[PDB]
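**Student:** Single-letter residue listing:
There are 2 protein chains.
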Amino acid sequence: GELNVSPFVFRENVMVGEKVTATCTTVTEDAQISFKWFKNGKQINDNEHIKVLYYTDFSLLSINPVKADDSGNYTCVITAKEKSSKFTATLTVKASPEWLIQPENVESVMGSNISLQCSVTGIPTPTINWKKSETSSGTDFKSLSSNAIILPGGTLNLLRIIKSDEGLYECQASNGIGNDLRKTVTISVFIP
Amino acid sequence: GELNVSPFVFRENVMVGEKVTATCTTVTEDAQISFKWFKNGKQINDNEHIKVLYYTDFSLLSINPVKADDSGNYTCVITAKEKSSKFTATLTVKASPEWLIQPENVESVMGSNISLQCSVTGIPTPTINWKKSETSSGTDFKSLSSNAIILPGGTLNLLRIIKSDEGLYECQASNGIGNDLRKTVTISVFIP
Ligand SMILES: *[C@@H]1O[C@H](CO[C@H]2O[C@@H](C)[C@@H](O)[C@@H](O)[C@@H]2O)[C@@H](O[C@@H]2O[C@H](CO)[C@@H](O[C@@H]3O[C@H](CO)[C@@H](O)[C@H](O)[C@@H]3O)[C@H](O)[C@H]2NC(C)=O)[C@H](O[C@H]2O[C@@H](C)[C@@H](O)[C@@H](O)[C@@H]2O)[C@H]1NC(C)=O
Ligand SMILES: *[C@@H]1O[C@H](CO[C@H]2O[C@@H](C)[C@@H](O)[C@@H](O)[C@@H]2O)[C@@H](O[C@@H]2O[C@H](CO)[C@@H](O[C@@H]3O[C@H](CO)[C@@H](O)[C@H](O)[C@@H]3O)[C@H](O)[C@H]2NC(C)=O)[C@H](O[C@H]2O[C@@H](C)[C@@H](O)[C@@H](O)[C@@H]2O)[C@H]1NC(C)=O
Ligand SMILES: *[C@@H]1O[C@H](CO[C@H]2O[C@@H](C)[C@@H](O)[C@@H](O)[C@@H]2O)[C@@H](O[C@@H]2O[C@H](CO)[C@@H](O[C@@H]3O[C@H](CO)[C@@H](O)[C@H](O)[C@@H]3O)[C@H](O)[C@H]2NC(C)=O)[C@H](O[C@H]2O[C@@H](C)[C@@H](O)[C@@H](O)[C@@H]2O)[C@H]1NC(C)=O
Ligand SMILES: *[C@@H]1O[C@H](CO[C@H]2O[C@@H](C)[C@@H](O)[C@@H](O)[C@@H]2O)[C@@H](O[C@@H]2O[C@H](CO)[C@@H](O[C@@H]3O[C@H](CO)[C@@H](O)[C@H](O)[C@@H]3O)[C@H](O)[C@H]2NC(C)=O)[C@H](O[C@H]2O[C@@H](C)[C@@H](O)[C@@H](O)[C@@H]2O)[C@H]1NC(C)=O
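Residue numbers (PDB author numbering), protein chains in the order written: chain A, 1 to 145, 148 to 194; chain A', 1 to 145, 148 to 194. A prime marks a further copy of an entry chain.
Hints are computed from structural coordinates only; laboratory data are not their basis.
Some hints here could point you the wrong way.
Note: identical chains are not told apart, hence a pair may lie in one copy or across any two.
DSSO-like mimics (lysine-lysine), calculated; alpha carbons at most 30 Å apart, straight line [claimed, not checked]:
no., residue 1, residue 2
1, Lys131, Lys185
2, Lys81, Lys185
3, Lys86, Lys165
4, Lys19, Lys86
Isolated chain A (complex conformation):
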């Protein structure tokens, strides 16, 4: 003779552009209930790419297409004539890397410090690592370790460049979601 909201869960790997549903019902049939949905304690109302379907014994929350904004806790509250119960589940929208500043081919003078921007956006925030050809056919790629500093935002700083610093450089962006972003650029060094 009690009232319990049946637990609901969102699927693990939800990504932007996909569809997300959530179903709220009671554990034992009561047939005298009403529903209300909330995001972070604030009530959700049926419009705006978020649609709430009300039925006799269940309610459906629908988010389509989902954006990164839709992350948060979603709560259903059931009211049956004397008592109200709730259940809350957390939705985390993920996204594969997207380009923000692509790297570029550069031609700079010997002895100069240069920066190569490779910044992306995604959830979780992607990791950027840089590799160099060290062979101009450009099939082999190796990691970088003296005058090469990768700044935390994915920018490669090459200090006091010389002819050996020429070659093909590739930055890789990955957060374990979707496909990785990759882009190769050539660095030329010249005497002024």
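Assemble the complex: chain A is given as a structure, and chain A' with the ligands must be docked to it using the hints.
**Tutor:** Below, chain A' with the ligands alone, put in the same frame as chain A:
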């Protein structure tokens, strides 16, 4: 440009008499789909305490009230004009112990072998253990370990009974679900 059934799960602790739902939808909106539900590869059809609700972008399976028979794998199949996809989740209905043969007060002759039946039903199948008062006020209870054999089905066999075997005996039935079943009986031994 593919078709994936969004995963669905049943709640952990489903018990007989409760209600069970399942929602089938696509990962990405397609709007050109149809639904069919199956239990153990055999199609479910809307009647008989199992009702299937069909809508434009989702379908709902409803089992209310659920019985132990309803355990099994439940599969939703979505068809969109060229391709069909599926998802399967396993439902296991549980139940607290219910009495099948309660123990009884017995009065038997010295030197006889007697059996005390304490058999229950439940899912998972419950464990039965026996305890003796060893004090007729009947507040303290202890386990049993020479002429006391508990047979695997919860029956307590007391061999060659004597006056010391008199007292209050209690069998306990538990499977970790709901409430345990308990029942105390008195054993009298007499000379013929
Ligand atoms: C989504 O929900 C999680 C946990 O789910 C529970 O939410 C809490 C508040 C209870 O209502 C439970 O019944 C729900 O199941 C939240 O994470 C919790 O946030 C609480 C903040 O109110 C934390 O409690 C605080 O803890 C400190 C330190 O002990 C204490 O001094 C405070 O008084 C206060 O009680 C709690 O520890 C959090 N637990 C976990 C597992 O995270 C989410 O809110 C929070 O999310 C975390 C990751 C941070 O970003 C917080 O800044 C944020 O408030 C909640 N999210 C939203 C959007 O509501
Ligand atoms: C090329 O890069 C080097 C070092 O790396 C720098 O990277 C640039 C892009 C900036 O992000 C800097 O903030 C990094 O440090 C520069 O040489 C460094 O210059 C710093 C000061 O301008 C030095 O810091 C000093 O170090 C002393 C001794 O260790 C310390 O006590 C002080 O706190 C002081 O801050 C730093 O040590 C230098 N690098 C190394 C490896 O020692 C280049 O610029 C500068 O070169 C220095 C030595 C001076 O002559 C400056 O006038 C000159 O601008 C930078 N640009 C070039 C080479 O054109
Ligand atoms: C409910 O589903 C589980 C597992 O879920 C999967 O079902 C299998 C068959 C695949 O379709 C997957 O894609 C689903 O996710 C079943 O458990 C499996 O049963 C299979 C029987 O066909 C087992 O495969 C067999 O394995 C032997 C030994 O390696 C092999 O030689 C055979 O050729 C055959 O491939 C498989 O190993 C099982 N896996 C697990 C994790 O249990 C359920 O069916 C089975 O349930 C088990 C507990 C036993 O009772 C079996 O007798 C029973 O068939 C399935 N239940 C129902 C009612 O369909
Ligand atoms: C009271 O219980 C004892 C032993 O426990 C029995 O429990 C009853 C309820 C039944 O489930 C039996 O199957 C259990 O064994 C009985 O005495 C046992 O009798 C068995 C044969 O009837 C003996 O098995 C034998 O043992 C020898 C030597 O070890 C072995 O080589 C053989 O294979 C042979 O099968 C068993 O050993 C006895 N118990 C003990 C502890 O040794 C009581 O009944 C019987 O008492 C025996 C000794 C004979 O006199 C039978 O004619 C008599 O019916 C049983 N009922 C009473 C005491 O009234």
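**Student:** Which of the numbered hints are not met once you compare them with the structure shown?
**Tutor:** 2 and 3
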